[PDB]
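A.B. asks: Chain residues, written in single-letter form:
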Amino acid sequence: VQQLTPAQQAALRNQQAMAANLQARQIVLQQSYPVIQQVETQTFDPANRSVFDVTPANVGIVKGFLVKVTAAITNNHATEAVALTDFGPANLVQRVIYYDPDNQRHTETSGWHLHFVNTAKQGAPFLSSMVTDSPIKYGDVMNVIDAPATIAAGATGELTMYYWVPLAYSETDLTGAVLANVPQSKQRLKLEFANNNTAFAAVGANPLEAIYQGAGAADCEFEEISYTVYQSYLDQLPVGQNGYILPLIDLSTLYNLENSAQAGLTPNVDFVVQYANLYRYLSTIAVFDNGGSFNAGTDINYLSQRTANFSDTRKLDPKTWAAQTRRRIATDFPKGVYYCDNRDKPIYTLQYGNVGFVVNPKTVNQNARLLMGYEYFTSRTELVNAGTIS
Amino acid sequence: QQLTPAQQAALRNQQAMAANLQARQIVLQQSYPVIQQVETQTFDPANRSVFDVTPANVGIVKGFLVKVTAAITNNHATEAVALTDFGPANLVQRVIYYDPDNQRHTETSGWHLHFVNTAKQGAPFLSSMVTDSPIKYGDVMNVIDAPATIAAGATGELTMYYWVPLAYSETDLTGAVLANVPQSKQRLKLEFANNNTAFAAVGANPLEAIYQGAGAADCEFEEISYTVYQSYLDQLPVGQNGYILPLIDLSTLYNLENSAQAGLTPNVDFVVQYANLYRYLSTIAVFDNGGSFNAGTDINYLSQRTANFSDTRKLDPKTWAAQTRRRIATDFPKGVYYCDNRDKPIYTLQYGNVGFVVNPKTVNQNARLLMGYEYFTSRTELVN
Amino acid sequence: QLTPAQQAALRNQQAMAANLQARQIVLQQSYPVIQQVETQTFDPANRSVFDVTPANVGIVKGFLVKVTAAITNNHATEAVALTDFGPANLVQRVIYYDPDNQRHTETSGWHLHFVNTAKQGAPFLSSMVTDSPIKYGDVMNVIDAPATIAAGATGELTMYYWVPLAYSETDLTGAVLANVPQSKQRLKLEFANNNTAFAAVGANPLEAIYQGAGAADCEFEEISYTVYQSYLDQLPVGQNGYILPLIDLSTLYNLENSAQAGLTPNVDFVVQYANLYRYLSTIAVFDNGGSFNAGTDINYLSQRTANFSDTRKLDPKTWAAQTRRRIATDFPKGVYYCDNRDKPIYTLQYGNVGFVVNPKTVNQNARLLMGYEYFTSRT
Amino acid sequence: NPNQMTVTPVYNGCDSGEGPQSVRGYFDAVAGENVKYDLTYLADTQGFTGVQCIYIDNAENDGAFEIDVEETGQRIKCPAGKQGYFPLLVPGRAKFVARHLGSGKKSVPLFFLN
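Residue numbers (the entry's author numbering), protein chains in the order written: chain J, 4 to 393; chain K, 5 to 388; chain L, 6 to 384; chain N, 5 to 118.
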């Protein structure tokens with residue numbers, strides 16, 4: 004007798020509106036053509052600046068942005084090396100924020116959370132090269148996402164990272180996409196990159212947000228960082244007797260990723276992070292930053308999703324929780340990173356906190372906290388008018 | 005009108021099939037899935053190795069995820085032992101499930117259940133794929149794991165998972181078990197490995213063993229632990245008459261079973277007839293060539309043949325393996341052959357008797373084929 | 006109402022709907038069959054071209070060709086190592102002709118193999134590496150080749166190719182009806198020999214299997230092939246005989262390749278699509294004078310239409326990223342792939358289109374080897 | 005079954021558009037003629053003229069028609085037996101040569117002239 008049920012999905016909608024929206028989407032896709040286009044490239048030195056506001060092109064229906072980031076890191080230490088942290092190049096971008104033409108924010112999250120969602124959506128480590136026994140020389144030929152395991156004292160390492168900032172949910176589901184017809188109000192894709200203060204962690208320091216950690220960290224620095232943003236959109240925007248043929252539910256729904264931090268964990272006590280109401284949560288990521296230590300489940304008794312009638316719908320030991328994740332991405336996320344897929348039946352409370360994400364810790368170090376990451380859908384608004392005479 | 009009873013019964017089906025699918029679709033769109041621990045126990049198999057777990061009676065049950073861990077010590081003075089081809093998949097020797105009406109569903113070996121779990125996943129079950137990613141994904145949590153060797157004097161730790169299905173899949177409830185009721189108890193029975201089954205001496209048959217080597221005689225389990233999680237659907241939708249339920253789904257059994265066949269001779273077709281009436285979704289054939297497990301070199305060809313001597317897929321071993329690589333992205337262990345018939349289940353009475361065929365190139369003493377089947381089949385009717 | 010246009014759209018929709026229904030019925034009622042057609046073992050020093058005669062039965066979907074070989078390196082001291090294509094070069098060319106002697110696919114073994122991989126979504130018939138303690142893995146050596154064959158040794162390579170007629174197991178577009186008495190099927194296989202399989206140091210490794218200082222003394226000992234023909238057996242019969250998707254079975258599906266030259270640094274090299282065909286995929290191999298580089302000799306690649314408008318002008322790594330989403334890894338050095346399956350390149354739908362490569366470096370004898378996958382329907 | 009066999013195809017005999025084709029020279033390596041001809045093409049007889057080059061004229065039909073074109077001396081009109089799948093092979097045995105072949109789209113002179 005669990006809630007909410009699907010009869011509130013029907014009660015929440017006009018099937019005429021949704022029926023129309025979906026039909027319009029299909030006509031647009033059928034009558035539209037996909038385009039991926041470079042909108043901006045830039046090379047800089049993190050010592051001078053690390054925050055950039057990219058201005059997307061206002062054309063057709065925007066689906067997302069592919070962000071390519073390359074960097075050269077020099078270990079100027081006299082004799083000590085540094086090694087990749089668990090997140091490594093995924094920390095080349097610290098944060099991302101997207102604002103649409105109507106000044107409404109969509110995704111606002113960390114680079115590592117964005118990357119983990121990119122992986123969850125692909126069903127395997129994002130843009131990775133799988134290893135096989137093939138004698139034909141397929142393999143890591145192009146180093147699409149790449150970073151040296153270590154950078155020795157005096158050496159310079161070259162890194163490459165890619166992130167997909169989604170607006171549309173997928174290539175076939177335009178929920179969350181943005182109509183940007185060239186009318187001149189600008190979009191804002193804000194990117195905050197790693198810098199000489201965030202990329203390198205000293206031995207004993209928290210490596211969560213860093214790229215490299217080790218004895219030579221204090222003397223590591225960026226030689227430079229470069230980024231290229233590619234915009235993916237649909238062109239040949241339809242016109243009818245009404246004017247632009249547009250799906251309205253898709254464009255009035257927001258598909259966003261967001262992060263948060265929670266503290267107050269105590270050994271053997273349920274730590275509950277409440278989900279808000281109104282949002283339809285598709286996935287949840289919880290990172291147990293145990294005071295700078297990241298463990299492979301050994302510091303946790305169990306994790307769960309709890310609610311507000313049943314009890315728990317999936318109270319599991321860490322390995323069994325990880326087993327469910329292996330079915331989703333064909334491997335484990337890094338140490339201390341836990342994933343939960345609720346795509347087919349999104350967490351939707353109608354009341355705030357009706358549902359919570361639970362972590363009962365076995366051991367809690369000083370400054371422990373859970374860094375949460377969410378993927379969700381939520382409604383914005385649509386009307387049907389325009390004119391132009393010349 | 006003329007009532008053609010046969011045509012009509014078929015029509016009645018056709019409507020039955022449609023009603024079933026609609027009911028399934030409604031159930032999937034409307035209850036909420038739950039997975040919850042049912043029981044956990046830690047024991048020494050030298051004391052007890054058979055356990056009857058009692059699942060909770062709630063809603064529609066889809067299956068059970070069984071976590072099994074173990075610690076094994078090799079106390080031989082000098083020799084090590086190494087994993088057999090099946091390794092930890094042999095931590096559970098047999099699993100048997102009975103529903104509330106005491107009707108038996110699956111009854112098979114841990115290794116067969118595991119191979120079906122892999123076939124259904126499309127890759128080695130709950131494995132971690134290796135990639136070039138610099139981000140530290142990988143075998144982080146050791147979901148299914150066992151040391152390749154356990155040296156003299158060492159203790160190794162193992163983890164294994166099995167999914168015992170009732171429902172065919174997350175979206176197809178055929179085979180699920182129906183809890184709106186009264187009924188009995190299933191009797192998820194788990195028969196675990198012990199010191200006798202888990203360790204094989206050099207030269208002994210490794211089929212059912214976890215480790216084999218010169219140190220086998222002095223190997224002992226220290227403990228085994230299991231935790232059974234039950235997966236089911238709660239908050240079943242209610243309509244008019246009561247619960248909206250897919251009647252065909254819930255009155256169909258989706259089972260796994262295995263058996264052993266002997267009588268193989270070089271260059272002669274060894275035919276294992278499909279036992280009629282069942283709708284066979286998959287077939288696994290393990291060529292236990294007298295304790296030797298070979299990578300196809302002891303076989304001329306394998307095939308599925310129907311009553312006219314007509315082969316639908318008579319293939320040399322490597323080509324047979326090629327078809328399997330398309331299904332699970334790799335090969336099953338030496339001597340293990342798989343055949344997918346999911347979209348068009350083998351069903352005698354639809355096209356005469358059918359048989360699974362193996363024509364062996366070499367046959368050692370005590371050779372046999374261990375057959376594993378995945379099937380549905382229900383009742384059957386007719387008249388003049 | 007709807008007038009002229011609407012007549013033709015309605016007809017298209019009745020035809021499309023009828024086709025899909027027929028396809029669904031064939032898939033649900035029929036029966037698959039895959040059976041050996043022919044096997045032969047030979048020394049390519051004696052003969053390397055074979056014309057296999059497929060059996061005329063039902064609708065033919067394609068052929069699975071198993072190829073094995075033993076290679077010996079008799080050089081006194083030097084080894085040889087696999088080229089990037091390796092065993093995919095065991096078959097140099099494949100050509101198929103149907104019962105009406107209409108040619109379908111005609112391409113290289115390496116191109117056919119890359120399409121087999123693209124269609125699988127992973128290296129064709131490969132074994133993925135995982136942490137599983139259960140002994141899954143490269144057990145059966147379905148596609149395999151010793152990395153080197155030392156002087157005096159014999160190696161056993163194994164390779165498989167799927168020669169398609171039908172587009173896929175569910176889309177017969179491309180299927181073959183092998184219910185016309187008279188009209189038989191022809192599958193020509195041209196195998197590697199000592200001349201094509203071994204490349205000396207510094208020579209172009211494109212068509213070779215092994216390259217190294219011991220090349221001159223390498224020889225095949227033998228090659229063997231077994232052709233399996235694929236069939237959807239027990240066709241469904243209704244009051245008009247066989248229930249068959251007529252559009253599916255009268256539509257073709259071919260692979261072909263060609264070579265284009267004329268590249269110069271920093272200038273757009275454009276290979277026009279040969280208009281009327283519906284191009285499902287394009288493979289471009291940058292044979293930079295015998296050198297195969299991992300994108301470093303290219304500024305960008307793109308697909309451009311008559312307008313100068315690029316739909317995907319990308320730097321090499323980003324282009325590779327799109328491919329990693331398709332086959333879970335990268336194709337070998339210098340091999341670039343482009344998927345147009347859902348919206349095939351079709352001039353006459355939007356002006357001339359071209360595949361573009363703007364090279365950063367161009368060595369002597371540089372060229373682009375183009376591989377296409379396409380349909381060529383009623384039009 | 006019952007091999008060896010050969011199965012061939014040819015455009016020899018039909019001509020949906022008359023045409024001429026031109027160019028090509030080389031010295032010691034193997035020269036290749038690839039045809040990509042879906043928009044404007046036809047298969048035809050080829051005319052090979054060896055002028056001051058008196059090394060061998062070489063003609064290579066494709067895998068479907070294994071014609072060996074033998075030439076020596078002044079040119080003539082030749083009919084290739086081409087494959088319908090497109091192919092072109094050419095080889096000259098002399099060094100430093102001018103090959104000026106005529107690719108004809110139309111059924112052609114079947115003899116040889118000096």
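Where hints are given, some of them may not hold.
[As the list claims (entries may be wrong)] If we take Cβ atoms under 8 Å as the criterion, some of the chain N residues that face chain L in the derived model are:
# : residue
1 : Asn5
2 : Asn7
3 : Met9
4 : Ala35
5 : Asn38
6 : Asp42
7 : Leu92
FYI, nobody ran anything at the bench for these hints, they're computed from the structure. We treat Cβ as the ideally placed atom computed from N, Cα and C, and that holds for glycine.
A.B. asks: Please go over all the hints and tell whether each is borne out by the structure.
C.D. replies: We went through each hint and held it up to the structure:
1. Interface hint at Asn5(N): satisfied, since its Cβ lies 6 Å from the closest Cβ of chain L, which is below the 8 Å cut-off.
2. At its closest, the beta carbon of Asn7(N) sits 6 Å from a beta carbon of chain L; the interface hint therefore holds under the 8 Å criterion.
3. The criterion of a C-beta within 8 Å of any C-beta in chain L is met by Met9(N), whose closest approach is roughly 5 Å, and the hint holds.
4. The closest approach between the C-beta of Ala35(N) and any C-beta of chain L is roughly 12 Å, which is over the 8 Å cut-off, so the hint fails.
5. This hint holds: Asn38(N) has a C-beta 5 Å from the nearest C-beta of chain L, less than the 8 Å allowed.
6. Annotation: interface hint on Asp42(N) holds; nearest CB of chain L at approximately 4 Å, less than 8 Å.
7. At a threshold of 8 Å, the smallest CB-CB gap from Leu92(N) to chain L is about 11 Å, leaving the interface hint violated.
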